[PDB]
Amino acid sequence: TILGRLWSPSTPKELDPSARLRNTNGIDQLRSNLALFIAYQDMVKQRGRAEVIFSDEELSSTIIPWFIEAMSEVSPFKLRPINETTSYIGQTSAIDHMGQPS
Amino acid sequence: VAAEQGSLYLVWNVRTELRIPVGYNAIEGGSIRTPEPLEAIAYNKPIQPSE
Amino acid sequence: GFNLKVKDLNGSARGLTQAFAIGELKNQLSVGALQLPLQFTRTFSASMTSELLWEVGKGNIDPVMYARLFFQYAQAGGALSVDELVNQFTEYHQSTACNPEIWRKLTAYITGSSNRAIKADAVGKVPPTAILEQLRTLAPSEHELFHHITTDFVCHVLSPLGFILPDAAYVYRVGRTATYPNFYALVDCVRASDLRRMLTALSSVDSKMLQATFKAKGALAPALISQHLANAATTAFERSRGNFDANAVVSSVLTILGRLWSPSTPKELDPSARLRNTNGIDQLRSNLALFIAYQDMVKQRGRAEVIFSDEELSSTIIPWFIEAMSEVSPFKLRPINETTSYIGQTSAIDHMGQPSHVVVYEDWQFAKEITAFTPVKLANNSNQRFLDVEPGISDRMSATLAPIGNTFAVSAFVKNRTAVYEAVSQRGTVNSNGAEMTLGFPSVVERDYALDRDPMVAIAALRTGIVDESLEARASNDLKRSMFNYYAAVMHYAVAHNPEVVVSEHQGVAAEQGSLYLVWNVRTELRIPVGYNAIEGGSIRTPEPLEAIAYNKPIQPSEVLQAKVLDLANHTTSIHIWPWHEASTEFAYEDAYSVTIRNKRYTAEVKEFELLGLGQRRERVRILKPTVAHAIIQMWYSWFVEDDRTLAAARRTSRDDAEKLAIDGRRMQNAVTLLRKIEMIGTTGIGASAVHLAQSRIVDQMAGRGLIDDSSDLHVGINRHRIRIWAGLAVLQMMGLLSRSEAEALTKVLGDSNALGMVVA
Amino acid sequence: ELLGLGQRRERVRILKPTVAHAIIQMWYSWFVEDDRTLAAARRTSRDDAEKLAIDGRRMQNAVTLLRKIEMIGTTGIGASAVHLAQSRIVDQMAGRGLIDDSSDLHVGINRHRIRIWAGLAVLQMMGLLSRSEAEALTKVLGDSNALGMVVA
Amino acid sequence: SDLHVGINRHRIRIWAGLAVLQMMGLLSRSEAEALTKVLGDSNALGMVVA
Numbered sequence: 255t256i257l258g259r260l261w262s263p264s265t266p267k268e269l270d271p272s273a274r275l276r277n278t279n280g281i282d283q284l285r286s287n288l289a290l291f292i293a294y295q296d297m298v299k300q301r302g303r304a305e306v307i308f309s310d311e312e313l314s315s316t317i318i319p320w321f322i323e324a325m326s327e328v329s330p331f332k333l334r335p336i337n338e339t340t341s342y343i344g345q346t347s348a349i350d351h352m353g354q355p356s
Numbered sequence: 509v510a511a512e513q514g515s516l517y518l519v520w521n522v523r524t525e526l527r528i529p530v531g532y533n534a535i536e537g538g539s540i541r542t543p544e545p546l547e548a549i550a551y552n553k554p555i556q557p558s559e
Numbered sequence: 001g002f003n004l005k006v007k008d009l010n011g012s013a014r015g016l017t018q019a020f021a022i023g024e025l026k027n028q029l030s031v032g033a034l035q036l037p038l039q040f041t042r043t044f045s046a047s048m049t050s051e052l053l054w055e056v057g058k059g060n061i062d063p064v065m066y067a068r069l070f071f072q073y074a075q076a077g078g079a080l081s082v083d084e085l086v087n088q089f090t091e092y093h094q095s096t097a098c099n100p101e102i103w104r105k106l107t108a109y110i111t112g113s114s115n116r117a118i119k120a121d122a123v124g125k126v127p128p129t130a131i132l133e134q135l136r137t138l139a140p141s142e143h144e145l146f147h148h149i150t151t152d153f154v155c156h157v158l159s160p161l162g163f164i165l166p167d168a169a170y171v172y173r174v175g176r177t178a179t180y181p182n183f184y185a186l187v188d189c190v191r192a193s194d195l196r197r198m199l200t201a202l203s204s205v206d207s208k209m210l211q212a213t214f215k216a217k218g219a220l221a222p223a224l225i226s227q228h229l230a231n232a233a234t235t236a237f238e239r240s241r242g243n244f245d246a247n248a249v250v251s252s253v254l255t256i257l258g259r260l261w262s263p264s265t266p267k268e269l270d271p272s273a274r275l276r277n278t279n280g281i282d283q284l285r286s287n288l289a290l291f292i293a294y295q296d297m298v299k300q301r302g303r304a305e306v307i308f309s310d311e312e313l314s315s316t317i318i319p320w321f322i323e324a325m326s327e328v329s330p331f332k333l334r335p336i337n338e339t340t341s342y343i344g345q346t347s348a349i350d351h352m353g354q355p356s357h358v359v360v361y362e363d364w365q366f367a368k369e370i371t372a373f374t375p376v377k378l379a380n381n382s383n384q385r386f387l388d389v390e391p392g393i394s395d396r397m398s399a400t401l402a403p404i405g406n407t408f409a410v411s412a413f414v415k416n417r418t419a420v421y422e423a424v425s426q427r428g429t430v431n432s433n434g435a436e437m438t439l440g441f442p443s444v445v446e447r448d449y450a451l452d453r454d455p456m457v458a459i460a461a462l463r464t465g466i467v468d469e470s471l472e473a474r475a476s477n478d479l480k481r482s483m484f485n486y487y488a489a490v491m492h493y494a495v496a497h498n499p500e501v502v503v504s505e506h507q508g509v510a511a512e513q514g515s516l517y518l519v520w521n522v523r524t525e526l527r528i529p530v531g532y533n534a535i536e537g538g539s540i541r542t543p544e545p546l547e548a549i550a551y552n553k554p555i556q557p558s559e560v561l562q563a564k565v566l567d568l569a570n571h572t573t574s575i576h577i578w579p580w581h582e583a584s585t586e587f588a589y590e591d592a593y594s595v596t597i598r599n600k601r602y603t604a605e606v607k608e609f610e611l612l613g614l615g616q617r618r619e620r621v622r623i624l625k626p627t628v629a630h631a632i633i634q635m636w637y638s639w640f641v642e643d644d645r646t647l648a649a650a651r652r653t654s655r656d657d658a659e660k661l662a663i664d665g666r667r668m669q670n671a672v673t674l675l676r677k678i679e680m681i682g683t684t685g686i687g688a689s690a691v692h693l694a695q696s697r698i699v700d701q702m703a704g705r706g707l708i709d710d711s712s713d714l715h716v717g718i719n720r721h722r723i724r725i726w727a728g729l730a731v732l733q734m735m736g737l738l739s740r741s742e743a744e745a746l747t748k749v750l751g752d753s754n755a756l757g758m759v760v761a
Numbered sequence: 610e611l612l613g614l615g616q617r618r619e620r621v622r623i624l625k626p627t628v629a630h631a632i633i634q635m636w637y638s639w640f641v642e643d644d645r646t647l648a649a650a651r652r653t654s655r656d657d658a659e660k661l662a663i664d665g666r667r668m669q670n671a672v673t674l675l676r677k678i679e680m681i682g683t684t685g686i687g688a689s690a691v692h693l694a695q696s697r698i699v700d701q702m703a704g705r706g707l708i709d710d711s712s713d714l715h716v717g718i719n720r721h722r723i724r725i726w727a728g729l730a731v732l733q734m735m736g737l738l739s740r741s742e743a744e745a746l747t748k749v750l751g752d753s754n755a756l757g758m759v760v761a
Numbered sequence: 712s713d714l715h716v717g718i719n720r721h722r723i724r725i726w727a728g729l730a731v732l733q734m735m736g737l738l739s740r741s742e743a744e745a746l747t748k749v750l751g752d753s754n755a756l757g758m759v760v761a
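Chains as they are written, first to last, in PDB author numbering: chain A, 255 to 356; chain B, 509 to 559; chain C, 1 to 761; chain D, 610 to 761; chain E, 712 to 761.
Do not take every clue at face value.
Within a straight-line C-alpha distance of at most 30 Å, the following computed DSSO-like cross-link-like pairs (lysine-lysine) qualify [unchecked claim]:
1) A:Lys332 - B:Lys553
2) C:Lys377 - A:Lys267
3) C:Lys217 - D:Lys660
4) D:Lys748 - C:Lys217
5) C:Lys125 - D:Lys660
6) C:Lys480 - C:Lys299
7) C:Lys377 - D:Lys677
8) C:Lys215 - C:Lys58
9) D:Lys677 - C:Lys215
Just so you know, the hints here were simulated from the structure itself, not pulled from any lab data.
Could you build the full structure based on these sequences and the hints that come with them?
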């Protein structure tokens, strides 16, 4: 949610990732994978969409990402390039001379 | 809605296939971007895989 | 931009007259007894600007500022006899002089408890801040604090170091003042010279010495400081002590000088040669600034003269005003000429040759950056605070602003005014007799918007050409002053070109109404009736100006007198504004942005923040003003309006075909230009995105509705600009620039051509 | 968490502050009597000069105390409070409604207030004081009541 | 100067062209003037303006 709070708009709470942002400089990667996002939604349903960016674990400075799997490699989760994330799939289609398909 | 947001969520920018009807999800006059989803994945030229 | 018919001002802007300049009801304006050449050709004049910030944080003489505040007060009518106040003050000071035993005493505690008082101790003196106000208490409480300054004057001294600790500042920020001046203004400067001098002396300082002033020692020391204080005071006082004496008197000198000027005066109402000859006060006669200056005052005064020195005046006070010693009077020698240069003028003039419409124009810059600021408080329940500011937009917008800036010259105005022209078997000047003049001074008005008051009255002030109170006297004078300037350049300027430089006194409704002017010449040009004519052998002459300007021919300016406009406190860090709230506006904004195409209305609003990028609208975040441009905008705006109008009629009346036929196209052209202005600014990202937001949205509603995949088609341009244009218009709203009202109605009058240039087919 | 660390084992006993708690209680105490005397000294002052002497003598130095205290806010640990602090607040208005408020941190008064308090707070987990005893320092609040203009 | 404002030149020229149409009867009198009729603008096109 913190991060949530970064994708924004527009959440100028702190004026968005901010003062807390300034502790950071590791932030950088987190985001950068799609996979990463994916959890969020889970919260949305789950937590009904929780509240207050989890209290930031109260600023836990720079240390809890560093408990992640990318910083505590527990699961297969494979940083994998998007393109190759799969590809056994090709597309195929109809058309009536449409030329679109249907 | 509450909590207060509804997923910053995604869209794509297809325009690939031209003047096409497929649900209220568009048309997008001339130009096409488009938000949601399956169809867009329809909206390419078909292919083989590679995996 | 008062448009005026030659052969009347005495109605036309009734009281905006030389006559008025006498007061002079609507009599005279004549010729020609005696006549009397003088062309004093220099003035003492000033320069642009007098606004500033002036945060006080480490007061240390430098009058000016102060004085300026003084003026702000002086002006404020909460001071006026400011001077007087200084007396009061003098006395105040004096009373300072008188309570040493207190003062000291006070001091004595302030730091710090007295009688051994010695040594390197630890004397963490302070922000002294409050203390003072005790001292005020012990003092009396004359206006604001002078009092405090003075403190600072010792503070810093009192410190070698340590002996005052750290402090903050405030804000005050002088506003602007004149360009020309009057009398009262003069005397004070002189007095100011004292005052500054008073303070001049006042820093001075006594150093650190011994193992005392050096290494803190002596209760008896600072008992000596207090003495120092005294020393200061005294001295300060002393340098003060004789000097003050002459104010009305000065006027009188003027009156002498005047009475020199007078030249038909009684024999034993001469200034004897001993006078006449002496020092360069005589030079002083032959020094404009004044000349023009006196008279008026005297107009008020009806006359009166002190009678005094002939030997200190001559002329010692006289070059006590070596006037320019204050630059406060930035009435400082000018080769007269060197002004004007914000005047260009250009005119529309008929065939015979004979004239039409003369524009004197005012020449500007308008570059600007914004100033959109955090309005919070800091100080609750008390407003002198600093608040804050940030960019975000400010830059973005400004960045956009700049471009707009690009487009707009005064030059371009005039060009446009050129564009006005055309004429034909039309139109005068000789045909029907009254001739136009307009002088671009929206500027005045700007200030008025800055002064938040109704223009129309101003118009009235012209209109009647006199005072039209009803409402804030302050404002009124303010206006008045403007008007002074209004008179003020002009004839200099005219004269600058026109060294038709003589006098016959006009001697009002009789005889003793010493008002000097010259008629001016108009040399060639065979025949005109234009003016309450003379025509003095085809070489009309008048001490009434406008025409003369008419017998210029388009002069140029020679600077746009840039336009540096004050700004934020940047180093703002404590400090506190003073009138601000007025001076700030919230950016709310109402209105929208919608289109119905097909039959289907596509619809949106304004939703300011998001146009502005981030969230989220609220009462706060206020914005400093956008003044200049309003003045400008409307100009552009205003023009068209006439033109269609006037045109339309002419278009009507068309006694022949051709002409009618003729006029339009040109009228068409400009529109496109308009258009050109707008789309051009419509391109700007921050715009465009806005469009963006729109489109999507437009679409969104649309999406249910829309069904047909009709293709290319609206590659037919439209949209791009269409929207862009429109978008530009938003700019106008979201920086309220032009009202909702007018522009859409202008729009209204537009409606075509647009397919111009273009693909087609 | 004030350390910045949720919320470890919970099982630390700490070498205690034998020295300073006392030294401070000297300091402390030293201060504390003095005001009595000083007030008294003013009372027994029955002319201005003396009272006046008291003034500053009374004043400045306190804020100096403060000088210490904010100063000791300029530390990591002060900051830990502070950061933690505002933020939590921030949400409380913003998160709940009105967001019109950062400023509210940013006038001295409060600022300092929290800062101080916090600063004192530290001491309290440094044992030292008593909340009670701080409270008398809070009795310093009535006085002068000048206080906290400007900073930093 | 004024009718250095173009007009005439073309105006007439145009018109003149029309003569051609008559004097080699090309188009009848009727139609073309009525076409003319439906015309009536733009003409200030391109041009000096201003």
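For each hint, the structure was consulted:
no. : hint                : result
1   : A:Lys332 - B:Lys553 : 29 Å, holds
2   : C:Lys377 - A:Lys267 : 20 Å, holds
3   : C:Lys217 - D:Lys660 : 22 Å, holds
4   : D:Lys748 - C:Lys217 : 34 Å, violated
5   : C:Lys125 - D:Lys660 : 17 Å, holds
6   : C:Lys480 - C:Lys299 : 15 Å, holds
7   : C:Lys377 - D:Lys677 : 27 Å, holds
8   : C:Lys215 - C:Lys58  : 24 Å, holds
9   : D:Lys677 - C:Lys215 : 26 Å, holds
The structure is inconsistent with hint 4 alone, although it conforms to all the rest.
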